[PDB]
Amino acid sequence: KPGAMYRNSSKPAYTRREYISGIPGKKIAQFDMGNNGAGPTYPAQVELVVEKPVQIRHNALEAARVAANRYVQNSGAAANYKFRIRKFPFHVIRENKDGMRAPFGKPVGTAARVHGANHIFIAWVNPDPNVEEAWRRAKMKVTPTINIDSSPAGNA
Amino acid sequence: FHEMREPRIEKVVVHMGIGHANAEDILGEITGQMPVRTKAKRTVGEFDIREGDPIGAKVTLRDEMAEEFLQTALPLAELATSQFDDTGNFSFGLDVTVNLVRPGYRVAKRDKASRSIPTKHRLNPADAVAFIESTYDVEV
Amino acid sequence: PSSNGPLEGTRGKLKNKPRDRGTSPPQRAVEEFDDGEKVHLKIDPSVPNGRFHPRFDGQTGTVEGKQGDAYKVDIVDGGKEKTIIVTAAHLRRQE
Amino acid sequence: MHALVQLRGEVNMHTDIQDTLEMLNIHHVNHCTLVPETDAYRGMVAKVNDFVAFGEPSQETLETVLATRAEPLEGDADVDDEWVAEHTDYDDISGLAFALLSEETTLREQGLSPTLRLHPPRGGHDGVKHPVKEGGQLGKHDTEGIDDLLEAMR
Amino acid sequence: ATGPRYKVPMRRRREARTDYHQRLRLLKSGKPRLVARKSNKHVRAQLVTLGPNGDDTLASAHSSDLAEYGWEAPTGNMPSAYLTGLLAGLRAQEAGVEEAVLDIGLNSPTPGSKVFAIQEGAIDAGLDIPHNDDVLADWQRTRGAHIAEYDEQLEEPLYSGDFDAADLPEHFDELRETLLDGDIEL
RNA sequence: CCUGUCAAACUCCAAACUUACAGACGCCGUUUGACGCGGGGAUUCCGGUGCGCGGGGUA
RNA sequence: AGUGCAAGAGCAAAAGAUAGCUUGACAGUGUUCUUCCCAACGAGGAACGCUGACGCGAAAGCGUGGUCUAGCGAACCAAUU
RNA sequence: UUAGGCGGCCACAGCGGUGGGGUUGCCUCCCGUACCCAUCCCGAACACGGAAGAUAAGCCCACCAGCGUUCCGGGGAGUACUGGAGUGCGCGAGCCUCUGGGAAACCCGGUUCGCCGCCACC
RNA sequence: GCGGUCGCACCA
Ligand SMILES: [Cl-]
Ligand SMILES: [Cl-]
Ligand SMILES: [Mg+2]
Ligand SMILES: [Mg+2]
Ligand SMILES: [Mg+2]
Ligand SMILES: [Mg+2]
Ligand SMILES: [Mg+2]
Ligand SMILES: [Mg+2]
Ligand SMILES: [Mg+2]
Ligand SMILES: [Mg+2]
Ligand SMILES: [Mg+2]
Ligand code: NA
Ligand code: NA
Ligand code: NA
Ligand code: NA
Ligand code: NA
Ligand code: NA
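Protein chains in written order, with this note's numbering: chain Z, 140 to 295; chain C, 296 to 435; chain B, 905 to 999; chain R, 50 to 203; chain X, 47 to 232.
Note that these hints are calculated values from the structure, not bench results. Hints are not guaranteed to be accurate.
Each computed DMTMM-like pair below joins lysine to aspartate or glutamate, with the alpha-carbon atoms no more than 25 angstroms apart [to be verified]: (1) C/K404 - X/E61; (2) B/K919 - Z/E157; (3) X/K74 - B/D981; (4) X/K77 - B/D939; (5) C/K407 - X/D102; (6) X/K77 - B/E935; (7) R/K189 - R/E200; (8) X/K74 - B/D973; (9) X/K53 - B/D978; (10) X/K87 - C/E298; (11) C/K407 - X/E231; (12) X/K74 - B/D939; (13) C/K407 - X/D65; (14) X/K77 - B/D973; (15) X/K53 - C/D406; (16) X/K53 - B/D924; (17) X/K87 - B/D948; (18) C/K407 - X/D149; (19) X/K87 - B/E968; (20) R/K182 - R/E123; (21) X/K77 - B/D924; (22) B/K942 - B/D973; (23) X/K74 - B/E936; (24) C/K404 - X/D65; (25) C/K415 - X/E61; (26) B/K921 - X/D65; (27) C/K407 - X/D101; (28) X/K74 - B/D924; (29) B/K921 - X/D219; (30) X/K77 - B/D938; (31) X/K74 - B/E941; (32) X/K87 - C/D406; (33) C/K404 - X/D149; (34) X/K74 - B/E985; (35) X/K74 - B/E935; (36) B/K946 - B/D973; (37) B/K970 - X/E145; (38) X/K74 - B/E968; (39) B/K984 - R/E200.
With these hints in hand, go ahead and build the complete structure from the sequences.
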């Protein structure tokens, strides 16, 4: 199914698992990538900033992250960098799959609500922005237009 | 300062935690005053489902009744250390517990303006061993 | 509303903030008012008795006599005149 | 003391806003009233802020408008210096104007209609879809700004 | 103490001095309270009314200012209590106070107790108070007879020096007698 | 200890705002009698749209 | 924690626990709110009184069933006091 | 208030800690069980009777901010949100301007280790 | 309500 059906934040926040059952598991594999043994002790720090509030299905999160990290292997399976996706798909999403009679849908998935300007991804790298490329590929698989922002790095 | 800081025995509780008694009799003679029933709480597998139910007795002795008892109890015990309270108490044995404290304890046991005893004025394990050990026997 | 009992939707108004929790001070449960006095109605979550229908929480009526120890306060619900039987525990002097 | 002029019609305007203008004696478009600067009055004008033009006029301007558009509580009578002198505490329009501006009295107190029924602005106003700071004609004005409007509607 | 949500008891409940549940019931009568309080050595009796910023004591009597009338005996006993009640009761009457309810604070309603003796006194002073006669002591014990007889089992004076060796429930009468007419502060 | 996130059926907090009563100004009423009381006569109980706030629904 | 049972709320020298005693889960009659916001409408419900008779308590006092919001039923007819 | 009793507000008063104080006004701890009364067992408590001793508890007095709380300055922030208005922008979601209001977290620095009432009293 | 889960009876 299309993002068209769930990308807007027009519905109430629906996240109380105590009243919702049958919620599908998340497809997101990991949130911490790279050298998670080490702490952000890197010279450069780039972030992927979403430019519009939207909902991002765990589907797009996984594809976005995979496409970015799977690429960050321009640095090697045990390369020196750490990648972080800070958002989690808390918002439960339904589908009315009778016509409009008793239409409250049944749980079909989850999504993460991101507000325009938040950073969804943050990578930590030594002067070697291959990560800038890992993100051109990441914001390729999420609904919004995005800003690739660099923070600690006056090494231009 | 002292005199009102020096330990003293406040009650010695001798209780037989049976599981259902005829045992009171011996407690009465071993101590010198009537024993009290021991009802239990919660229903459990040891065929002890009855809430209100005699399952042992105890006897709280105070003053001479407590000494005159310890003057035979203690001798029947050896242990010491580790087996002492953080408040200067100790239980050995049929159980025989000895509650120890200093002079102004009533402040925490009365009805009016009661108050909890300050940690400083509390009795330490050590200050306890001393008092008792200094009364017909040895520590550890 | 999914039901129509008196306490429907009263979760907030009949609950105390955690710190105001517990038996309330007796001073205000014994306050005495005079006929003609303006009093603000506000149920005290801690005091079970002497209450009035939650809908009137916030009203400001006029004491006009009493019934037993409870007071009879006159208020105006929308445009309708009503008389409320309430104890001091739930009243406060206006101004 | 501020000069109030309704620049937007009643159709579709909130009722509680319309009632406010009405309490300020304005019941038609282009009608103007003089209002003391008090807390109570200030709140009213703020509520009516989007359908009116207001500001503190200059002694001269007030005088021109008073002369040109002031009326007796009843009747056609022109309110000129003589009228003013033979009917009010002051001796001429200027004296009345000053008193109004210094909020010492009111049009009613002096037997005058609380409303100055102005004429449409000669040359047209700046628009009723934007405030002054945006080039429109709504909201608070400059003494110079109010004067221009009042004068064009003299 | 632990956090923002923590509930700290009213001060007088922390101090374990006021029972607020009983207080409310007491105040229900709308009458003045006859506050009966004791100390290891003394006995106090106050007639308290309700006030905007706290209680107002309109009349009181302490077992100590009993001597001021000729008391030459200990002040932490039954005869003492009664008299302090009667003394406060009289001052009470003088103040225009006619009735009151017995507030025994955190004490226990034990029959023949000193608080009830205090109550007996106040009643005899003229104060109208809700009571129950057979919860009070039998006059003789109020007089202090139980103590005189206790000194009969002498061998050693019950009173260290003090006054008398065999004590005096008679001293009691002389005093009650005194309080029942004229004299200052009454 | 450090570090990454949430809540229509969470809340240590907390608006704008809505609301009871009172005073003040405004406006209104005392011949145009208001506020209110009693009585006669209805029509009406298929609604719609814009905007703000919504709940459901891919729409 | 507990407080019979949904959910939300109340409660600690207690509204919870233990013990003891008691039968107010009483008769009669009302005021008021609710049912039905505003704003008319029955049964039902509740709050608060009074009259009478009682229980407990030293007493103030508490007890108009269960801490609060569900657990209810017209006329005709029958049986019953 | 050289120590008390009854309170009001009910943490600005809580939690924790330091120092000081009593031949007596005093409060306590304390000493003691013939009585009133009392422990489903214990004069522990409750109740009664009393002063040999003590200021070590409590309590009263002076103080400490580490935790919790109250209020204030500066920063966050006139940000977030928002009542009124717009032929302002945007495919749209949504945003912006004018007008009237206006936060929370958190950081840094102060405040807070109760205030007040009646009575009694070297 | 009456009769052995069933059958009969029954205008609140
Ligand atoms: Cl009501
Ligand atoms: Cl006392
Ligand atoms: Mg709500
Ligand atoms: Mg005219
Ligand atoms: Mg033209
Ligand atoms: Mg134009
Ligand atoms: Mg609302
Ligand atoms: Mg009840
Ligand atoms: Mg029948
Ligand atoms: Mg000391
Ligand atoms: Mg029928
Ligand atoms: Na169907
Ligand atoms: Na995109
Ligand atoms: Na409370
Ligand atoms: Na009814
Ligand atoms: Na038993
Ligand atoms: Na001391």
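- Which numbered hints turn out to be false for this structure? 3, 9, 11, 17, 19, 20, 21, 29, 34, 39
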